[PDB]
Structure formats: C-alpha cells, structure tokens
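What follows is a single chain, given as structure tokens, in the form solved without 2-(2-benzofuranyl)-2-imidazoline (XCG).
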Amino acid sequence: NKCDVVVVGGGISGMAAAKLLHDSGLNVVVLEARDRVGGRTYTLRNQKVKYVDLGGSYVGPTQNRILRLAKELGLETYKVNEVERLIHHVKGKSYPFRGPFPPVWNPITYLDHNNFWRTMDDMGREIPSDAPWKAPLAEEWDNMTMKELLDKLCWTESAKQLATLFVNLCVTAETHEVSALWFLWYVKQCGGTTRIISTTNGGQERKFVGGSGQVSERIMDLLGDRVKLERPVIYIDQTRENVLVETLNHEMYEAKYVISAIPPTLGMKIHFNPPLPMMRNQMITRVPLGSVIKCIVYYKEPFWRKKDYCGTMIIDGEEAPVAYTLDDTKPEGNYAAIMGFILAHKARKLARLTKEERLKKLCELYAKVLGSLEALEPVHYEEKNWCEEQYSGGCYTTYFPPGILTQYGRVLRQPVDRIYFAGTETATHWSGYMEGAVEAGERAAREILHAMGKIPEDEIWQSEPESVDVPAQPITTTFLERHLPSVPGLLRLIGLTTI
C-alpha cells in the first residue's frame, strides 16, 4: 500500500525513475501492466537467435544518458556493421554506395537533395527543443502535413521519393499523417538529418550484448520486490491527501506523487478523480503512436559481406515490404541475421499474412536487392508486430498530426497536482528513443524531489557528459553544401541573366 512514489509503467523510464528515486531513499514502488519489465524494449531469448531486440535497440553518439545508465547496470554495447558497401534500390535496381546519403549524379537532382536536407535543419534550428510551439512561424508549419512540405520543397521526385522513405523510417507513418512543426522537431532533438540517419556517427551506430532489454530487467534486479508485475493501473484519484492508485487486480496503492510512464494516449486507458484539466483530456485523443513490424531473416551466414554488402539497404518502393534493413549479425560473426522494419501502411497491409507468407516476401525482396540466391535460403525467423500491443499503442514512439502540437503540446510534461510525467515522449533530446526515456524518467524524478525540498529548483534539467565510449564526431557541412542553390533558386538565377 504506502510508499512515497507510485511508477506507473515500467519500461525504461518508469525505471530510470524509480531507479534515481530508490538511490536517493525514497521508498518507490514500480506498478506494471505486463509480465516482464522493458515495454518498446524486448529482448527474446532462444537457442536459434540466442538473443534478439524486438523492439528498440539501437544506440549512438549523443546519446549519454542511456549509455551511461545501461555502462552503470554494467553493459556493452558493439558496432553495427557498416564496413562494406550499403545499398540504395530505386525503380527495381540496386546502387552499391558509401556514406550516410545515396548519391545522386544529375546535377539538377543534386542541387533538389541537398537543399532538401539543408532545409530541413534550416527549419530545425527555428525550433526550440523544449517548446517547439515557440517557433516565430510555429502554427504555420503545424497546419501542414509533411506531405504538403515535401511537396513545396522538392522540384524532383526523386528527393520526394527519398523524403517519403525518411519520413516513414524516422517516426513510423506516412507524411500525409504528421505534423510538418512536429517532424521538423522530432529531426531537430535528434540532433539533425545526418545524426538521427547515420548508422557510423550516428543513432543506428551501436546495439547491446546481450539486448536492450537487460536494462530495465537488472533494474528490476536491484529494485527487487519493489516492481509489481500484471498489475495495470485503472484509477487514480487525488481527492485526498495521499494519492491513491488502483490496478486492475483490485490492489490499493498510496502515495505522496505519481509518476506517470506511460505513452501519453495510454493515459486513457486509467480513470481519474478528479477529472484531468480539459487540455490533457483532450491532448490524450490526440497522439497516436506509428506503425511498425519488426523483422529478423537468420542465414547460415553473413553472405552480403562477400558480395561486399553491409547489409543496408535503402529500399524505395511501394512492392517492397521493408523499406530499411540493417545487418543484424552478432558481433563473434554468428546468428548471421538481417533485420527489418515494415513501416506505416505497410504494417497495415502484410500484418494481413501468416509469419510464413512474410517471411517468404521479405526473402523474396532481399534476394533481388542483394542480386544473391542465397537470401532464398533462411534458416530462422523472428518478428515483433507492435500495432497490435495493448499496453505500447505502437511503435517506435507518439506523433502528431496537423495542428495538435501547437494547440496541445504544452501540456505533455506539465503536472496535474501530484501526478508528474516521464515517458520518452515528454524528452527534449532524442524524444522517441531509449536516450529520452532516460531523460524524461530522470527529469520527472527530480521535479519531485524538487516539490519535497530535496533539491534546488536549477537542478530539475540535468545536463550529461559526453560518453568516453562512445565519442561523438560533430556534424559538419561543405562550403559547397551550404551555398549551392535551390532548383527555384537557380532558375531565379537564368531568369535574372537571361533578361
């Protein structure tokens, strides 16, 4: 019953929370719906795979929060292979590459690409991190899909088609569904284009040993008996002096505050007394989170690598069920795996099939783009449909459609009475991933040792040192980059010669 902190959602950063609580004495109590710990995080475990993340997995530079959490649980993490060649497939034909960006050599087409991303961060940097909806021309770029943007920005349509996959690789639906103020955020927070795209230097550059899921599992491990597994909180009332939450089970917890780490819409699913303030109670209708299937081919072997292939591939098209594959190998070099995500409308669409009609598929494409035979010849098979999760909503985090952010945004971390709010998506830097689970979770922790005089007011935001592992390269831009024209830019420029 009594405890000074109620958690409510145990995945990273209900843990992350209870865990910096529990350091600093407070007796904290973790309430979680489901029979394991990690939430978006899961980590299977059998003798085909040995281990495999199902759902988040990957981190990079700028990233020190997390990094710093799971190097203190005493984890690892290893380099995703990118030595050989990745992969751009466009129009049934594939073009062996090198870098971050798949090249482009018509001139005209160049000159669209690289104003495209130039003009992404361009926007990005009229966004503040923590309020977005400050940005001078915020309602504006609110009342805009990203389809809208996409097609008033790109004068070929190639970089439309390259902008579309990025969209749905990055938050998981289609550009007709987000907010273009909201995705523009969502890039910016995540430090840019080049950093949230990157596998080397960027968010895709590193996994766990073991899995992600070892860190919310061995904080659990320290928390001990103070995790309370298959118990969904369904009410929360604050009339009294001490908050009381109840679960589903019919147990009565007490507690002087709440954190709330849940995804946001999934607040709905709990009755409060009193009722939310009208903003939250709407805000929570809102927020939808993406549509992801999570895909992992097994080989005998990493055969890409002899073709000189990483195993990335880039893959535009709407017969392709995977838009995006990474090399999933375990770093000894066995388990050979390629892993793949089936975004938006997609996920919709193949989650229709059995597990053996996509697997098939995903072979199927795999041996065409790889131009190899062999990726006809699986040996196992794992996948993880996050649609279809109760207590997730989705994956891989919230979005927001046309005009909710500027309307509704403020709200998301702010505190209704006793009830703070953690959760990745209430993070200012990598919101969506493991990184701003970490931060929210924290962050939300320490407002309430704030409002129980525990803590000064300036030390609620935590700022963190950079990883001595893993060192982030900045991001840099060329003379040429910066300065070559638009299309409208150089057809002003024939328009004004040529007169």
Given for the second form:
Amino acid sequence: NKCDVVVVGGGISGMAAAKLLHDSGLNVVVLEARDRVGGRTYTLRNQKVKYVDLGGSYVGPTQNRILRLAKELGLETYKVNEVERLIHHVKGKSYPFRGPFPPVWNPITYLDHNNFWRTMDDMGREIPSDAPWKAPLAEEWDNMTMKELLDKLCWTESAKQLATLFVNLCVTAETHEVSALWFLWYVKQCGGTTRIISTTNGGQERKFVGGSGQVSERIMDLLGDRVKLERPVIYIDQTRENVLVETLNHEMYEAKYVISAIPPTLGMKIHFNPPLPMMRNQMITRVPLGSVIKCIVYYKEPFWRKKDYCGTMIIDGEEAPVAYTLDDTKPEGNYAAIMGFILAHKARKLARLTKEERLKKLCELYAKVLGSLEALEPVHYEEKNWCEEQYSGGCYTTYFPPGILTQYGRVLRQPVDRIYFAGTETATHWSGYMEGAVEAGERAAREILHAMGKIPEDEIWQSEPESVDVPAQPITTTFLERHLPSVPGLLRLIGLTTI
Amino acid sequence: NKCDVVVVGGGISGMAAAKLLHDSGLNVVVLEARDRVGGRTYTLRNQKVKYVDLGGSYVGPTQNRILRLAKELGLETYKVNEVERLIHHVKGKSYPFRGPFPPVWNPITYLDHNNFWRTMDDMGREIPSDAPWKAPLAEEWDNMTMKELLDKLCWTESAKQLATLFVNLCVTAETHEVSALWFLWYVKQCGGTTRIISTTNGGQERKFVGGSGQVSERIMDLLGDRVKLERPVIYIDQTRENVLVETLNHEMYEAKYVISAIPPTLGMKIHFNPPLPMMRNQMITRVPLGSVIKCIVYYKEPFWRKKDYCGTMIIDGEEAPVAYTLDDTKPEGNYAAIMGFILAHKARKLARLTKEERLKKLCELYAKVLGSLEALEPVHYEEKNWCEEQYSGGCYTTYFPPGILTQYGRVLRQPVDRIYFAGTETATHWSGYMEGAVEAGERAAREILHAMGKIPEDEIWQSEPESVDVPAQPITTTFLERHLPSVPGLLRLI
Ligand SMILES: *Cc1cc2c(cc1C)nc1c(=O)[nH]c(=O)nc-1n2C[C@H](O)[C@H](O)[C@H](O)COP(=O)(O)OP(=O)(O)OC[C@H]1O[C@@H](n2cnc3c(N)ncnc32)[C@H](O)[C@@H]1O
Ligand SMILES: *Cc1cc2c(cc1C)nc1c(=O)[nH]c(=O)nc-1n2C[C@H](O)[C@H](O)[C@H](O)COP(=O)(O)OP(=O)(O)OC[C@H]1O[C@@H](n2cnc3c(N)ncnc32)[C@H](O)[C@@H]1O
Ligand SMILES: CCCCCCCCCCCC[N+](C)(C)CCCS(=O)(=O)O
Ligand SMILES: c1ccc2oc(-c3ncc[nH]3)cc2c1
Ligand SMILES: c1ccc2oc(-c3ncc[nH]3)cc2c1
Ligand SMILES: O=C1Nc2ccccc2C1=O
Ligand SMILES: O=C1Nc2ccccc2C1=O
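Can you return the structure of this protein in the form solved in complex with 2-(2-benzofuranyl)-2-imidazoline (XCG) rather than the form solved without 2-(2-benzofuranyl)-2-imidazoline (XCG)?
The next block holds the full complex; its first chain is the one shown before.
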C-alpha cells in the first residue's frame, strides 16, 4: 500500500501510464473501480459470438500509439469490411455509393456540400490541437452551438441533414448540445473530416483480433497484483508529505504522485483535501459524456455482401433507431453481424424498450435499408447502453457545451499539486479514442518522471513513429474541390455579373 | 446509527425537511459535509460588519414559505434601501431613474426594450411551472441558447446589452451558456420579469435581521445532536431491507428512507449501490451551477444617500467588474456598505487577483458610478467566491445548458427507490432561492410521510398562506406597454 504512483482508473490510459512507470523501474498501483480493467473498452466473450467489442473497437491510420502498444502486447488487427458498396438511406430510400461522402448531383447542392466539409476543415486549421482556446475567433466560435454553425453554413437542407448525422455519430450528442469551437477542434485533432469519418484510410479501418479489451487485460497480466479491482477511489488528501488515496472498500494507499486516468467529470466522485482550485472544481461539473447504445445483430450469413453491400449504412430520419452501421463479421467470414449505434437523444428515447423490442426495431430497419427480408432473421443479439455506467458516465467521450472550452479548457490537464491528469479527454491527437488514451497516459507518466528528476522537460511530450503495418495515405483534395465557390459565393458572383 | 430518515445536506432545504419530519415525530439525522450548516447561505459575524450575508440574503413578496419558516424561528426582516434614485451606468455615464427598468427615450429603442420584457413574460405563460418540458414549444426553445433568443428578439444593441445584464444577474451565467426554455421557465416561476428584478415588491425587497444563516443555525439548534457536521456522504446502498448511508469519516447510518438535499450535480460525489438509473446517472453530469463573487465594501456613512442615490447601480460594459449593486447598510443606518456581484465570466477572470486588488477595482468603479471620491475610502471589505466551494459547486443555483431540460428535467425530482429529492433546484416556485429550498424540503419530507401511509397523496404538495408582514402587491402593465408594436411589428406597417 506504499508505492511511487497511484493510477486511478484501469482503462487503456491508466494501464498505459502504469506500464510506462513500471517499465521505468517505479512501484505503481492501479486502483480500478470495476471488477475488470478496460473501462470504455469491453470485450464480451460467449459461445454465440466468440468475442465482441461492446465499447471502443476501431483503430486506423495515424493512430500510431495504440497500434504500437497493441503490437508490443502481441495483438493483431484486421480490416473492417468495405469491399462492397456503402448505402446512404435518406427520405425512406437507399442509394448505394463509394467514397468518403455520398455523391451529390444537383450542382447547387454539390457546391453547398463541398463548401461545408471544406469550411469545417478550414476553420479547424485555425485551432491549435494543444490549445483550442487560442484560436483567433475562439470566443465567437465557442459561444455558438454546432446547430447555429450548420444553420449559418448550410444553404441546403441536404447538407444540414448530413452534417447533423456527422456530428451525432462523431460525438454521440446533438448539434444544439455542443460548442462549435470544441466540435471543430475535435474533428481537426482527428485529422479532419475525411479522416474521422472514413473506414478505409480513416478512424474505422481496423479492429483487433479477439477484441480491444485485450489491451488493458494484457497490461494487467504484465503488472500482476499491482492492479486492484473493485477499488473505487473516494478521497485524495495532499495535505501531508505523501499523498493518501482512499478507496470505497476501506483501503488506504500512500504515494509520491497520483495520475487521475478517469473521465474528467468522474473526478466529482472523489472528495479532495484540500479542495480543488476554483477552475477545476467548476470544470468537472461542466463536461458531460455523450449517449450511445452499441448494438450487434447476428445472422447466419453476411447476406448483404451478396447484394453488393458492405454493411455500412448511413441512415437519416427521426424514425430510424440506428443512424450508422458497419459490418462486424469476423475476419474468417463467420459470426456474421451488423454493428449499429443508437445515438444521442435516441439512446435516451429507446432505452425504455426491452432488448427484444430494440432487436425488432433494428431488424425492421435493416430489412428496409438493405431491401432484404433476410434481415428479419437474426440468430443472436448483443448490446450495451453506455449511458447506464456509473464509472464511465456515457460514451464515446466528453463533450463541451457552449462557452466551456474557452473558460475552463486550460485546466483540463493542469496538475493539481501532485495529481497529474491522463485519460483520453486530455489528449491532443485523437482525444476521445483509444489512441488519445495512450497519448495521455504516457504523457502524464512522463510528467511524473520529469517531476522526479528522471527525464528532462523536453521528453514529456514524445512523437510516435508511424506504424509500418498501418501506413496512412494523405488526405488530398482537387483543384475544383479547393476553389469552387460556396452558395453565397456563387450568389455574390451572379450579383456582380448582373453589373 | 439507526433512524427513520437520513437527510443528506444541512442547507435550508435539508433543514426544512428534517424539521418537518422531526415535528411529525420521526427520528431524523442530518448528515452535513461542512463544519457548518446553511450551505449556499453563510452569515459571517465580526465587529467590523456586525453580521453580513456572504451567500443568499434577500427575501420578498410571494416567498411565503421561507417568510413563515423564518418567522417561526424568531427572525424579522427589514427593507433593503430603495428610497432614493437608482442608477443605470452605460457607456461611461450615470443616468439616475426609478422603476423596474431604466427609461429609454429613442422611440425605436423604446419599442425594442418594451417588446423584449413583454415577450419574455408572454413566452413564460406557455411554460408549466411544474413541467417546463411540457411547454408547447419545449424542444424548439430548449435547443436554443438565451444568446440566440436575444439575437432573434432584440433589434437594438441597447436592448440586447440590458437583456444580457438581466440574464447574467438572475442566473450568474452567460447568455450563450443557458437554454432559452430553462431561462424562460426560471423567470416565470419567480413571477415574471418585474417580480424577479425588483427590490420594492420583488425578490430583493428584504433581508433578515442578523443574517439568513440563522434559518439553518436555528433549525440545527432545535434538532441538537441529530445534525452531524463534517459528515460528507460517500455511499448509499439500497440493496437491503433498510438504506445504508456511509460518510467519509467512516460512519454508517441506517434508515428507512433518505432525502437528498444537495445541488443535483453534487450527487456525483456519492457512489450508489445499485447504480442509479440511466437517466439520473447522466443528468447529474449535465447540470452545472453558475459563477459569482459576492463583494461587500463598507464605508463610514451611506454617502450616496446625500446625493439622492439609493445605492442600486446597474453597470454595463466589459471593463466594470461588478454589474449590479444594492445598498447593504444595516437598518439602523450604520455599517454603511454596498453589496455588488462579480458575475459569470468575470468571476472566473477576476478570481486571479488578490482581495485588495479586487477592493481597489470596486472602489474606483463605484467612485465613477456614484460620482463621489468618498467611494475611494473603504473602511472594511468582505467577499466570497462561490466558485471555490467543493460542496456547493457555485452560486446561486444550477443552470441547464441547451437541450438538457427537455431530455432530463423529468428526472430531477423522481424518487430512486427510497431516496427522495429536495434542494431548491427541485422547487416549482422560486427554485434557485431560499423560498424554493423550503418548498422542496417540505414536499420531499411529505412524499416520505405519504410513502409511510401517514398522510394522503393530496397532502404531498401544500399551498402557503400569504405572509402578513410582507404582502404582495399586483404587478401591472400600462395600455401602451401591452399594445405598442415591436420593431419588426412597426416595419410590417411600412
Ligand atoms: C463506449 C464506447 C467508446 C468508444 C466507442 C464506442 C463506444 C460504445 N468507439 C470507439 C472506437 O471504435 N475506437 C476508439 O478508439 N475509441 C472508441 N470509443 C472510445 C474509447 O472507448 C475511449 O476513448 C477509451 O477507452 C478511453 O480510455 P480512458 O482510459 O481514457 O478512459 P476509461 O476507459 O473510461 O477508463 C477509466 C477507468 O477508470 C475507472 N474509474 C472511474 N471512476 C473511478 C474511481 N473513482 N476510482 C477508480 N477507478 C475509476 C473506470 O471504471 C475505468 O476502467
Ligand atoms: C451563493 C449565493 C446564493 C444566493 C444568492 C447569492 C449567492 C452569492 N442570493 C440569494 C438571495 O439573495 N436570495 C435567495 O433566496 N437565494 C439566493 N441565493 C441562492 C440560495 O442561497 C440557495 O437557493 C439556497 O441556499 C439553496 O438551499 P439548498 O438547501 O437547496 O442547498 P444548499 O444550500 O447548497 O445546501 C446543500 C447542503 O448539502 C451539503 N452537502 C453537499 N454535498 C454533501 C455530501 N456529499 N454529504 C453531505 N452534505 C453535503 C452542503 O455543504 C450544503 O450545506
Ligand atoms: C432582393 C434580394 C433579396 C435576397 C436576400 C437574400 C436572403 C438571404 C437569406 C438566406 C439565409 C441562408 N442561411 C444559410 C440560412 C443563413 C446564411 C447566413 S449568412 O447570411 O451567410 O451570414
Ligand atoms: C455523415 C454521417 C456518417 C458518415 O459516414 C461516412 C462514411 N463512412 C465510410 C465512408 N464515409 C460519411 C458520413 C457522413
Ligand atoms: C437589467 C439588469 C439589472 C436590473 O435591475 C433592475 C432593477 N433593479 C431594481 C428595479 N429594477 C432592472 C434591471 C434590468
Ligand atoms: O465506432 C465509431 N466511432 C466513430 C467515431 C466517429 C465516426 C464514426 C465512428 C464509428 O463508427
Ligand atoms: O442577490 C440577488 N439575487 C438576484 C436574483 C435576480 C435579480 C437580482 C438579484 C440579486 O440582487
């Protein structure tokens, strides 16, 4: 119970921090509230599915830290199926396509859609990844919701509806719930609009064979009995020489430093002595997590592939319970399955139903989208509503409502005496993901090595070599994508020519 | 150890709940985190100020529960001074006035201001006090911020600036931080724009002689050793026959029911077994409290009165640290003082200064606005930054960002097995105030009495006779206020 560092939380970020500190020769303890490690990742194993990721699952190019960590732990990836055509279902009909966005044929609509994605990335380039409150128009952008920004930018309903689906799927929240500054930061710090939304060459390209929960489980194996499960932390006292960390089951740990590797608002579950400084005290009441039910419907065969659909469906409309799906069949071609997300207000609205009722609605939806009666014949179903988790608060990650990132964002990873902050939310590249978890856990561990005098300051932040297994292709645009006007730019050109 | 009901929190709402249950003959225990009672009320006593409310202070007409409770405990009120002129300071100049809003002379700006207040109250009449998510346009109004609503309604910058001040002072938050539905509900459930903003015949009319902390202290006097200080609740377990409530100092209490009388989000500091239901688990991460420093500058005399000013100042503009003040002099004309609030982002901005640096900024601001060098000679200063408080989370109260009240509002006062929810945030009239704390603590206590079969369902919510000491006068409007067109109304006649 005496150690160098207590890590509070045994998700990927606390496990990555604990491993680094252990590898450097320090004595670490990880206090995990649950009876398992992995946190917002959770790999269920049973005979009907073999294994299935019910939390975080996908990785992709440019996520080099999780790929390197997982590789070193003996894990392998495989590519999510994107051989056959994607489907965009809009106004009750399905339109097959290939590429990052469904094709738009109407020239006016085309300009508006082109301008929308272009402008999201243009604004993102004004926003520093490590300091979004330093953007030149940070206040103006943080004081409006994403809804207000789509209202201003989108001169077509078509573009506004697609943009809405994009926000809801990327951050499991509604356009009117989230700040425009924070959402534009969140997309740019993932590499931009194409990279975040893509399967091939993007965030959803791959999964781990056997499930992502193995990352945290295999580090727990390396650490032995240093991971204490069912130890929720209730109290941290920094008034004396060594920090004292108390758990709910009545144990006391003493350490030189602590890393908090839990979602920022879950800091509220810990009583602090002395009290936190004013800005962190209020920050942790201002930063909710989003809302999602991850649902996986199993079938005898991946029947959609025979119709030349890959299983990816972008599904618009209020009545659809799931707005986005991917094929979740095993790489061997068996345990055929569709993964779908029930997003944001729908996660709250449909949580009232039973599991069997949600399975029925999802099969009825997929049968219509795929024009396939076979979708009404599931062989098994698994789901997880992350809104119910006391020790997560939601999924995938924390969002910032209007006005909060500029006022309180500076303190998200600011140390509090001998407490340092990990967790994906404090990352600067793919924050909200497993990648951001590794970045933040290793960065917080190195802050402590630096505090101890073990490494110089310039080693706190460390670049990551690009994976040789999952290389990234650049995201490119065409001259016409770059230079074609927006709708109001065209109207300005028309008004001028009319003169 | 064992009792009928454990009340978590010894603010006014927890105290009022515990007193009601105690008076009905149950065994109650109050578990208070701090080494004091009163919560968001705090009355400091020293020789320089005699006493000063550093937290909640004001009561007024229509707040009959807090007036009845305090009168039963032996307290008296006095009137906040409003005899002389009020000041609106705009663009670096003071304009003295009387009445609920500063006069506007430009005919366009007049229409724009008149329509703004009128439209806030018109909207409020469609929002049920006890279920604002049932307003006919609930979703539409909940999905916009107040800044977006003000941008829509205000055709002049003058109106928009005064509306901004009004939102910042009522709910200690910025217009772009809050939902329009929730803000409109908040004003309506205090009786509308005139009643919430007014001193005479409104929410700021009176203060308690000796301080409002005396309400919580005097109920603690009654309950004696039933109130346990420095007992932060850390864990609530309802998986067994009786509810088990555990504190940080390693004590265990067992009860038939619990009342949670703490700000909603501070339910995060309690680990629940079984876990909370999904909607409350997320709700209590979505409901922050506002930000405010309350500052009281003392002087040898209430010198502003010689100049026919009462000490109320509405001060616009970014550079002013304090946007609103009231005279805090004691009823006897002594301990002269001005109370001012540093609101919302300015509480965040100015909290980095020292106490003496804040005093200097305040005094230079008041010298400009009162047009008196006497404001530069303070004799004493007290202040409290509520943003620092672990066991409040901010002041005055909890605000709802866009989208949260329609999605989660129904859960605020929904019982969770044998836990019932008090706290001013759960009230239906003057929620956010000491009056809403009494209403909610007494109603939560009565839900428990009904669960015990002690009273019928219809006695859970109880009306309150009007105070004889602080009666309400009607809020009226003129024919012109009712019927003058808005700016886009006047343009639909051109
Ligand atoms: C839930 C989810 C997440 C998700 C996703 C789909 C869903 C449904 N899709 C993802 C994807 O495909 N690819 C990806 O990279 N990420 C995706 N996510 C997000 C991902 O799961 C999270 O970003 C990442 O797992 C976060 O890791 P981090 O280590 O930062 O945080 P955590 O997993 O929440 O771990 C925190 C641990 O702390 C324990 N805890 C909480 N409170 C306490 C206290 N008081 N004491 C001790 N331990 C505590 C939690 O139990 C948890 O284990
Ligand atoms: C801070 C403030 C508030 C205020 C105001 C000015 C300021 C600066 N102006 C007011 C005014 O003039 N007139 C008025 O009526 N109200 C005004 N307010 C708000 C008013 O103070 C609040 O509405 C009222 O005091 C709220 O009472 P309530 O009883 O609902 O809430 P509380 O005071 O916060 O008490 C909660 C108690 O719970 C204890 N606590 C917190 N967590 C725990 C745990 N885990 N375990 C045990 N106890 C806990 C708190 O310490 C507190 O005592
Ligand atoms: C005789 C000429 C009359 C034509 C007047 C043109 C009216 C233009 C209003 C269309 C609003 C379009 N959206 C995208 C909703 C908002 C744009 C925001 S921004 O205006 O670009 O800032
Ligand atoms: C809005 C909402 C969901 C979306 O998914 C894609 C996508 N998936 C794979 C390639 N592009 C694009 C897209 C746009
Ligand atoms: C906006 C912001 C603060 C304000 O204070 C008043 C007021 N005080 C007492 C009578 N009216 C009116 C008013 C309007
Ligand atoms: O699982 C997912 N997480 C995501 C984040 C952004 C966009 C798509 C997805 C997924 O499909
Ligand atoms: O203390 C105050 N609380 C208030 C709430 C609304 C309007 C004015 C005030 C005050 O002056």
